[PDB]
Amino acid sequence: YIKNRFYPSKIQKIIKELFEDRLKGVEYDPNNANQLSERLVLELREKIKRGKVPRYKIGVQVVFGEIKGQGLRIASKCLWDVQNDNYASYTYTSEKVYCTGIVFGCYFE
Amino acid sequence: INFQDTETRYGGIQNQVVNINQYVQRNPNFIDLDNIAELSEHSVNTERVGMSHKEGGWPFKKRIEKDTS
Amino acid sequence: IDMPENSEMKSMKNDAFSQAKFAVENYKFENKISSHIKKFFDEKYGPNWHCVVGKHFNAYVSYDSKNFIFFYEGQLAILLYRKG
Amino acid sequence: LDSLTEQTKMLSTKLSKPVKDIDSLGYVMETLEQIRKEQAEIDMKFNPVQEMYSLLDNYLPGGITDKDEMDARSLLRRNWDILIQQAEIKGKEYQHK
Amino acid sequence: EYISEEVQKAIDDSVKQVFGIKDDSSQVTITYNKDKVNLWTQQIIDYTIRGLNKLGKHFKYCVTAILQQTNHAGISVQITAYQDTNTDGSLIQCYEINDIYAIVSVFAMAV
Amino acid sequence: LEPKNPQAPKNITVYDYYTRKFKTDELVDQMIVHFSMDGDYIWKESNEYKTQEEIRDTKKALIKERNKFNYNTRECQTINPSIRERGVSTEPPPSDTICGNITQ
Amino acid sequence: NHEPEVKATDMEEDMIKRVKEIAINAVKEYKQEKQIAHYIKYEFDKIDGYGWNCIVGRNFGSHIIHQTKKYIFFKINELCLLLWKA
Amino acid sequence: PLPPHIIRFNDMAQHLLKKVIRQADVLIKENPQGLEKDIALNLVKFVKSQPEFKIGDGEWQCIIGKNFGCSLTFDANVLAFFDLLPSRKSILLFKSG
Amino acid sequence: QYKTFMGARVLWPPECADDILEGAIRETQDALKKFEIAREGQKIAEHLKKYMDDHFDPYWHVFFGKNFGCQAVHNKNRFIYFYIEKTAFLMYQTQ
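As they're listed, the protein sequences go chains N, e, J, C, O, d, M, L and K. Positions 24 to 132 (the deposited numbering) are the ones given, in order, by the first sequence. Positions 18 to 66, 72 to 81, 95 to 104 (the deposited numbering) are the ones given, in order, by the second sequence. Positions 10 to 93 (the deposited numbering) are the ones given, in order, by the third sequence. Positions 1108 to 1204 (the deposited numbering) are the ones given, in order, by the fourth sequence. Positions 7 to 117 (the deposited numbering) are the ones given, in order, by the fifth sequence. Positions 75 to 139, 163 to 201 (the deposited numbering) are the ones given, in order, by the sixth sequence. Positions 2 to 87 (the deposited numbering) are the ones given, in order, by the seventh sequence. Positions 15 to 111 (the deposited numbering) are the ones given, in order, by the eighth sequence. Positions 17 to 111 (the deposited numbering) are the ones given, in order, by the ninth sequence.
Take the hints with a grain of salt, since some may be wrong.
Facing chain J, according to a computed beta carbon distance under 10 Å, are these residues of chain d, among others [stated by the list, open to error]: (1) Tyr91; (2) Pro178; (3) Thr187; (4) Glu188; (5) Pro190.
Every beta carbon over 12 Å from chain d, so not counted as near; a handful from chain e, in silico [said to hold, decoys possible]: (6) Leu50; (7) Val61; (8) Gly72; (9) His75; (10) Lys96; (11) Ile99.
Quick caveat, the hints were computed from the structure, so don't treat them as lab data. Backbone N, C-alpha and C fix where the C-beta goes; we use that ideal spot for every residue, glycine too.
Whenever a hint applies, use it, and build me the whole structure from the sequences.
As structure tokens, then:
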């Protein structure tokens, strides 16, 4: 029984708005990249806290780097009963950096 | 839901530089460049709810008149 | 009461009326009407057109000069213009 | 019409005026062909006249003052047709000789 | 108890160690060969599975490989399965050198 | 699941200038790609070494005997219409609301 | 739909007809600007060696050269196709 | 930080394009009215001047337009085509091959 | 089930992205409150699409009223659908 359900694109919402307004076109400085990720991951988690999903568990994941003559492939698999559980994913790339975030959601039962 | 855990591993690859027959560039190279974007069709509508009945004039408040009579 | 203009000779202005008068009666939903008008004008004259149908709406678009027709057809209002 | 026609006929008279530019050409032929590429833009700035004289001679064919109209407009297109023809022929024969 | 990032790292080690050379000339003196492509596919797969069973993980894997000759034709590689949320998953990889368009697709499941 | 690709359109159209219609196309490629890079390093290929070294050979032998006589400049430009922003309005048509009684 | 038409040309008759056919076939087969240009450049590279250039568009400006008899600029149903060699 | 833009296709090293972006932006701002002729002329006269851009097979060409398509035998090294978001001018830069 | 949002009843979860959402969810009532009235028609959607094209991606389509409902296909994840005081707002971006 799932009255309030999870669909992908409100977390997709939160994740987009977060990305533009927080990244604001930052460059890839090596000394603070991991900690930049550490900051915005927790900010995103706070946002999904008000993301209005009571039993949907949230497997946050984020990727941040710089594009420099560099080909890349990122993919995931989904593993749940399609009726209840779902996922969300966003990408955001400027001229020289790329940050992409995925957020799982698994209805607890 | 306390789910803290961490891991790390590294790959890498063999290293060998040959540098005997190297440094070529086919000069009359050809490429295919465009200036185009993808497309789609957002075909919109309006949701519609319309049904008629026939009002029938009078022909008693109690269905059985004998009960009142 | 309002009739924005287009090219002379009545090449497309005379066409749009005759087409939209069949379109409006042939269908109830605006989908088929507007799609019919646009699909016809695409074959006829141009690569890309834009058509709007409805009782009340306001609009503000960019377009190509002398390719903007707008007319109050019956109770409805039909807007059309080339763009692209 | 007069201005555009004097231009095109000047191009033609440059093709025809000096025995020099008739026999021994120069870089001036490159300028003639330059004006020939421009001839697109020249008719682009002339096109206001085509539709306007169309509207005029719609209900006013003239016959009295249309003399200079015929001269000038037909002189434009005369330069155009001799352009095609003489360009081809002169190119070929200057290649031969 | 794993990471598909490292699964991909192992696949990359396998492939780029087998055929990938840092100095980019032998990689076109080795162009697609009708006679040698069988050896290529089999040995790529065998070395990749040797890399995979180097891992002592109790998960169960399965592998698929695709070798395309030229970019003119075009291809679409897509994946889908039905397994358990926490531990199972998959992996894909595209690979290009000069005239060989390699693709690897792995499934990893529990038990 | 048979994956659908997010961040993708669903159907592709394009104008045909031979057959003056459009024609849409509802099958969309669904492979996520980012950073395709083209290369220009070519190692003992049969097809490219010949086609490069031959043209450089013939050019250099020709100049060893500027050589092709001087070229001629040209010019062409298309017609560019202007972009105007004009916006118009329709209005909700008016209505009347009366009340009358029934006579004998 | 409508046949081609030259606005400015420098080709021979039989060579005009070949580019007419190749343009018609290109537009019937492909539907993209770069694809049409690539295909026609390829066709005329097969028929006439190396060095063909073909500009396929809707409003552009050009300042080019060519071999004296290898230039053409024609329009098909509001398509500006320019072609030249060297 | 660069001014915003959309590189639809670039081939040269990125600093060449940086210089092109900055000068093209400040030039579109200094010449906000007139014809794209003046833009093209000023851009060529600036780009041809720098001691940079040393290598060239042919010479410089720039095209400004709002709706077109092309295909050139550009020099395999240098080629740029992008857009200035405020005015949306598809600008193109290369060297003749 | 049309969950509540600090702006309005939004179909939770929707099919769009939050800089667009927050922007629209603030801009719709900002526009309606500042100098605008329900008596005027699409001179609202005028400024709405203008503001969207100014900051966000350029090609938007807006439909609002008291009775409408749509199917379609658009750019992935560019679908804003929210009611506010019994007035449905729908917005979508097309490449």
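### Task
Provide an ascending list of the numbers of those earlier hints which the structure does not satisfy.
6
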